[PDB]
Amino acid sequence: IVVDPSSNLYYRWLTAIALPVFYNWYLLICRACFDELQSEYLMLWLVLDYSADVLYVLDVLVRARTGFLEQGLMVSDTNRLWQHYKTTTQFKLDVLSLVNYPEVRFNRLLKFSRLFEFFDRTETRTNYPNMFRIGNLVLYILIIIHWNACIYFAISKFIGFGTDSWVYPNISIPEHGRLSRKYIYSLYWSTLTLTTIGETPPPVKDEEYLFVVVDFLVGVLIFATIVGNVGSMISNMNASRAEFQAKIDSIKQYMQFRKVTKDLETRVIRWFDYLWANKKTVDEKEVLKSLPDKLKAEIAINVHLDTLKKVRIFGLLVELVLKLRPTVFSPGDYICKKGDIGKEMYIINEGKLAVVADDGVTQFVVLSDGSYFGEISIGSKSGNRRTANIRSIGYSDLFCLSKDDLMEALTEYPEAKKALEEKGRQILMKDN
Amino acid sequence: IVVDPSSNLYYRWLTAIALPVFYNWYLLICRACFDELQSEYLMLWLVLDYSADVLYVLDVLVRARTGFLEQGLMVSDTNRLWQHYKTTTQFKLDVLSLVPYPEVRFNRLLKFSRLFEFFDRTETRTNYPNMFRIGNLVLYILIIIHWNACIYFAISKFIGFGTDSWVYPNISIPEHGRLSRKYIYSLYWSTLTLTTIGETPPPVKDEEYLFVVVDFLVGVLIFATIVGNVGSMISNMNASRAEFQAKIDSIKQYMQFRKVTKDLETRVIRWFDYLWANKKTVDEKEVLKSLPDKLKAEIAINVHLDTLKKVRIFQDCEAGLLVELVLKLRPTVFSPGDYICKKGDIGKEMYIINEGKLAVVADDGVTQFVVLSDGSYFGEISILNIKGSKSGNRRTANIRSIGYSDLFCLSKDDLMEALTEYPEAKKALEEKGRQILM
Amino acid sequence: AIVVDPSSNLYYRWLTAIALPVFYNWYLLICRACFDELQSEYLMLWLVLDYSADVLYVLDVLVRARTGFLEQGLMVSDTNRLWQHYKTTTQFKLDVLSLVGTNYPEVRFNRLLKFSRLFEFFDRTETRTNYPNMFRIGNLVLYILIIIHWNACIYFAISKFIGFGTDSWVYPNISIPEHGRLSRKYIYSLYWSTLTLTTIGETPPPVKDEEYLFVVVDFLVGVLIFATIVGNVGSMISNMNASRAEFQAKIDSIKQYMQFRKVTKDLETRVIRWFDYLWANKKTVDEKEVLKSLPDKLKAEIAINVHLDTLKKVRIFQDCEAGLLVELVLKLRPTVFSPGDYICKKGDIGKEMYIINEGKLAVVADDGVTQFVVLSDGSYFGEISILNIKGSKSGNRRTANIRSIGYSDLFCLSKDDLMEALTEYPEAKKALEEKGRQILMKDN
Amino acid sequence: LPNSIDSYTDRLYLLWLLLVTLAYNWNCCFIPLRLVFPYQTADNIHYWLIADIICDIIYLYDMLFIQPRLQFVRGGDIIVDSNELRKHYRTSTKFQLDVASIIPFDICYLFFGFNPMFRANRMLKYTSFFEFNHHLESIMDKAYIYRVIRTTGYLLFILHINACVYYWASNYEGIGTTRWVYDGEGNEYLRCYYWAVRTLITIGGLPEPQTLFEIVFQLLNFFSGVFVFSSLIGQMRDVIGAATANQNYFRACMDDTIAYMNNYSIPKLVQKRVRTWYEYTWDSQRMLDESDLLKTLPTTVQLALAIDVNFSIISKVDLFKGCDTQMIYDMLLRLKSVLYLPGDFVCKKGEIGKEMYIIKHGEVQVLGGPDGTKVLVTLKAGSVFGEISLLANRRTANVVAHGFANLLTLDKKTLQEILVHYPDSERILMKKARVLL
Ligand SMILES: Nc1nc2c(ncn2[C@@H]2O[C@@H]3COP(=O)(O)O[C@H]3[C@H]2O)c(=O)[nH]1
Ligand SMILES: Nc1nc2c(ncn2[C@@H]2O[C@@H]3COP(=O)(O)O[C@H]3[C@H]2O)c(=O)[nH]1
Ligand SMILES: Nc1nc2c(ncn2[C@@H]2O[C@@H]3COP(=O)(O)O[C@H]3[C@H]2O)c(=O)[nH]1
Ligand SMILES: Nc1nc2c(ncn2[C@@H]2O[C@@H]3COP(=O)(O)O[C@H]3[C@H]2O)c(=O)[nH]1
Ligand SMILES: *[C@@H]1O[C@H](CO)[C@@H](O)[C@H](O)[C@H]1NC(C)=O
Ligand SMILES: *[C@@H]1O[C@H](CO)[C@@H](O)[C@H](O)[C@H]1NC(C)=O
Ligand SMILES: *[C@@H]1O[C@H](CO)[C@@H](O)[C@H](O)[C@H]1NC(C)=O
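Protein chains in written order, with the numbering used here: chain A, 1 to 432; chain B, 1001 to 1438; chain C, 2001 to 2444; chain D, 3001 to 3437.
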């Protein structure tokens, strides 16, 4: 057997090893600082520690018998795999890890790297990354508050219960002799100390003074860090929406400075409402330039042939959809007025447009998702211009394309070259 | 009949239905937990709850008659609207928020999406987006503080009033027994718990210990949300001033490190202060590129065509060259006393004077020959021409500014792309041919 | 006439050995002047440490009179010029003011004036370190331990001026053996100072009006300075990610684009596997982006000294020259393609030329996966359709189908960058042209 | 007192803006204090009236005289005449706000009690206060200490307003009646300011409020204290970050470069060479590069800054004289400053030359002896080398930097592009090449 780190089996094993490391950190500092859960029910810690021990040695076997990506290929030679694993600090920590019995159980905490690999893999893999970031920083403040609650109960056990007012009170009293009372009061003191709140009892000895000073300074820096990253995450949750409202506000400030007319004001605001409520508010040319060009062209052929498998006369478009550049035209706008110069051609995708001749009247035909706008402008007594009025009837999208770009993508297709020139000359034959 | 989801009739319905949702949430969790409200203002809550039922039923009717787009055209087929509304999940939420102790109205508090949609479309629509983000934030934290206040009073009613210390005190006494006293002390408790101040009486039972720990952790995450949010709102309110002051101290620190001449520092610093006091410090094309092409032409056409109809190309009706020019304008302001074109040198552009006061001067000292005002266009000699009576492609004179002049620019290749299929290339040629004679 | 340059290791070792005395003075002169039992009990330890700090301060004057500076590029060496540029500066007057019975360090407060040497040490350690964000977090922790300790001593001086146990706010009456020990005095006054500057306040409330004014001034000094501290510590602990957050934002925008545009699940997990590969093999830093600021000699030097595995094996690099090889790798940019995809097809245009570097991809036939020959690192392809072959059967058309067998780190190189490279180096250029022409004769 | 006071080149106008902000800040700091505290008794009432008359005379003298006597820009040109600028200040909204400010309520002071609430209409000069703070911020050389002092002044002012409202609430409920209120027995302003710190900072530890008005006051004070603490402290952290932005950007770029070189394999001598390059460019540039900061300016002011520094440097030298000054202007525009670490070669013999260099603040050397070790000439700052770019091509000698040299590059493409515009200078520099063979 051999497995790669991209495998869904490997992610499922990262889940099943993310369970007992989290168990071991949380309940092992709770056991080794409380010394009442053990003496109440040892047997659950026997069966859970046996399960965590066999999952740790199975993680040693799976981290032995997984492979990597050397020279672009996965590696299956198991003796060199064992030598590569044996020269690694992760296996060094694992044989320092796998040497009842809460001291060697406390030695079984050193496999945190599986939990960090779980957090990366889930942070990339999920479709609720924000859920994950809210969930793992809530997990980090609960582990910090739990370890500080158990450190407080160990300091109170080292001083003595109820010797003075700072420590836990006397456990001969049956109200302070419940394990639920011990854990939730030490958690409440840990919350009051770590979140810098106050209304604790005031300390009256020197180790209590040094510990409350160290705990308040760790409380300020841990409060700042972990409950400032939650502020950065919950204010980076709406980020592209914040950039879109930034674009809206900036355009509205420029229009309220420049004293523009009210119909243009509400047309621009309704264009912004169209781009918000139609969910097309992501600018793909700016946020999708950092991808490499091959996967950029692969997602281009995928989504553009999924929208555009309604191809005209010439099937196989692997070179013609390279530089499709969409633009959204508002309803009531004219694509080209009656007699203008022509540079670029427009194809229709998910739009419904129509032809005019006197700007509003003379609808000859409505237009489906088939053909071009600028098959003429690219002898027949004509050339290099458009002679048809095309008003945008609805909220359409239309790709634009360049003549030199289609010519240099057309040098491999002479059949499409002669088909395009023949259908443009045939359109001039039915027009002039 | 159909409503349009962009129109102001649907936005007035959005404001008229954002009221009962906010009433429902706020007064709902007040009424279910206090019970002096429920047993004392019963006719008022019955009138307001009948109004909330009939506005939820009219909201079900509006979403059964709303419109939605299909390839740029909205659907007027009401069977298609009702079938698409039945297939989406907002109808299932809108029926589960209307099926008949207000546990019935706890079922009714389920239309949460409409208040978020109202806040979103008001953040789009209104002219005070930072004020509306401050108001949205303040309403969110007041809803959290009010809900936690009613949860604390229900925990005190479930344990028993005045038996313990951390619980709200005994209601038999007339001090802490009025309903205004109950609600104001309970909201005082929850603002001290949620903003991590904690001057409250400490808990004495383990259930109250657990509730205070859960309440403090929810409160410290709410404290982080309002610190980051309010700080980001004030920084985005002063973001233009912050970026302009970063540009000012960047330029000023660079020039004071370089030991450059002090009147030149004062000239460029007052130039930037002119650019901020004219509010032109953010550029046009960097936000009109987020605008599309036809709307960029429509936002550009009116001001620049009205200031380009004063200048001397307005003789005949060749406005396609003018819309090709005003799609290609580069507005650049000039400090007073600064020469635009020094004489006899290279020329890469043509200029349109818009709200400036210019003077063609002599070389050594300033002797004003002619005063070019708004309405004069200049710089047309640095394009292709005959010999005439002058030399080649250079600058024929010295032109400086008198005051702070705003200038449109027309570069070479943009004028060549705009300078096809029109006789005003030849008309500008004969006008500058007369100028290079005289 | 031995000058010390300010960039050497000897100057930095001297900044460590002077950065100590200054921190000992700033940490313990206010503490010896406030807690009087530290001056009363211990005397010989402060005598030995204070004589060592005095001789190190006079040694600091003797080093700064003989340090160099950068004037017209070259390091100056004339020690009279060094002493003149020392003595016409404010640091000379601050050092002679810093270097002006045996129970009073209240005249010894003037030796706190080498804050310049302490900040010079922290700037040179923050340059010369290897863990910069860990050292800046340690620097801000050292600043708040200085401020908390200084305010603890200021609180005990105010309590000694008012009178111990006179009222509830001050330190209590020190004739009691509980409150009387020196360790109890310092740790309780540090507890009061952390509780004031941190703004918690489990402290007793003040009584006298001078105590009210001190607690108002101390809470405002706490709020402003700890506002600066918690803001800069939070910005440092958000700056310690710096590449894991931008990458996560880019994969969040990619996955929002995937769930919006309804791209199919196999290609969705393909781009998931691509971004997992680029993070896990740590090629997420873009070389020409993060070295956009360096000059050409440093960019050429670093592109030798990271791409020598390319440089020692490629047949272009088999007989060319050093300047040709460094302008080529300086104009070379690395990509990586997923396995089983098409880098370049049969019939297309020739835009880029490609070099194998820790990749293993074979040239394939027109349909299917039938390997012709594998091409390991050192081989290259592209040159026939990039450079204009005169004896060719076609022009600007690729002659074979090339797919990727493994995850191959490859080098794009444009025709424009290649013709800019081959300018007055024609011998290897025609050697590659005859190589491409003879494989064209094999390749019809 | 002229008719034309320059708004930015007059220190006496800035000192007058200091006097009108002292007469504004007196009202906005001592209206509440006089309104709620017993400091305006029958003894010091003429002292407070002399201060109010002095600030009202500064108000009236400023608003009548100084307001319409500065100079402003309208219609593209600077305005210098008196009557049109007087009508401009009349048609502004600032004059309407200032006559809304000064309503002389002394007729009601002689009728209806000495009440500073009648004088509290004089706190409507935020335009003059923010004009003062903008003028002092754009005049001051290191403005990051003044923005911090302005935020600390805002914090001490909002604490002063909360201390006055706390003493008003205690004086409305009766002083010392309950346990929440102020009870007397000391300095009244200091104990109420202690309350305003311990509430607005959200510390706590006060007495607990007892009745309805003090519970809703402590609740609204703590809530607005959370928001104004997290707003003005966030403003403090923002102005400190905007201060430390240049060094933070430089540490970010050097952090990414040294982390990249440690992430890959690069030896420690090249690591030391790259970090001493960064050390020298911060100790001599205080910036990362100049091109990102300079290229966001317009063309004539970029030409002015570059021509002032580098055309004074190239007008020291006369090797390129007898030539077109406009060619020197465009060549001045198209330069890039490049650094060279001491000991290394910028160009070796046998290489292709495609640059030209003019050394500015550096010292380079040539090496063309028996093996390129004997230094022929040492060109100091204000000399030139190149000429293989101009010969229309291998390199003659080994040019090495002696110290931390700083060179201005000049490319072969742009150099031939500027020399094919001007033929006479091309002839003169070709004669310079023919005598410099
Ligand atoms: N002239 C013309 N163009 C039409 C008509 N119907 C559709 N079209 C398209 O409209 C066009 C507008 O741009 P083009 O000149 O590029 O080419 C024209 C045709 O492709 C019609 O009846 N007349
Ligand atoms: N020299 C000159 N140019 C003028 C005059 N009136 C208008 N202009 C324009 O001003 C110009 C400034 O730039 P150009 O040299 O490019 O060309 C010149 C003319 O087009 C005039 O009286 N003299
Ligand atoms: N056509 C072809 N190219 C090959 C072969 N083996 C290696 N190559 C290289 O693969 C190439 C792909 O790009 P080019 O057309 O630029 O030039 C071709 C050759 O340099 C082969 O068998 N056929
Ligand atoms: N060859 C040479 N160059 C010199 C001498 N003195 C100064 N220089 C400059 O040194 C140069 C080094 O670079 P270049 O070849 O570019 O051009 C050469 C000259 O400009 C000299 O004696 N010989
Ligand atoms: C707790 O109280 C009992 C008697 O009430 C006493 O014997 C015991 O010593 C106390 N515990 C401690 C730790 O002192
Ligand atoms: C609470 O109120 C009831 C009402 O009569 C009273 O009997 C009881 O003693 C009160 N409890 C306390 C603790 O005051
Ligand atoms: C402190 O205690 C001693 C002995 O108890 C006493 O003599 C002295 O007066 C006390 N001082 C004060 C200020 O209480």
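Read the hints as simulated data drawn from the structure, not as lab findings.
Cβ atoms here follow ideal geometry from the backbone N, Cα and C, with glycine treated the same way.
There's no promise every hint is true.
As the list claims (entries may be wrong) - Short derived list, chain B residues pointing at chain D, Cβ under 10 Å: (1) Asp1077; (2) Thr1078; (3) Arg1080; (4) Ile1171; (5) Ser1180; (6) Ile1184; (7) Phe1223; (8) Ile1226; (9) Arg1258; (10) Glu1431; (11) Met1438.
Consistency of the hints with the structure:
1. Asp1077: Violated, because the Cβ-Cβ distance from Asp1077 of chain B to chain D comes to roughly 50 Å (cut-off 10 Å).
2. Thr1078: violated (48 Å)
3. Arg1080: Violated, about 49 Å.
4. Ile1171: Where the cut-off is 10 Å and the nearest Cβ of chain D is about 16 Å from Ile1171 of chain B, the hint is violated.
5. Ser1180: holds (7 Å)
6. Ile1184: holds (6 Å)
7. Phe1223: It holds, given that the least Cβ distance between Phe1223 of chain B and chain D is near 8 Å, below 10 Å.
8. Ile1226: Where the cut-off is 10 Å and the nearest Cβ of chain D is about 7 Å from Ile1226 of chain B, the hint holds.
9. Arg1258: holds (6 Å)
10. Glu1431: This hint is violated: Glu1431 of chain B lies away from chain D, its Cβ roughly 24 Å from the closest one there, beyond 10 Å.
11. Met1438: violated (25 Å)
The structure does not agree with the numbered hints 1, 2, 3, 4, 10, 11 stated previously, though it agrees with the rest.
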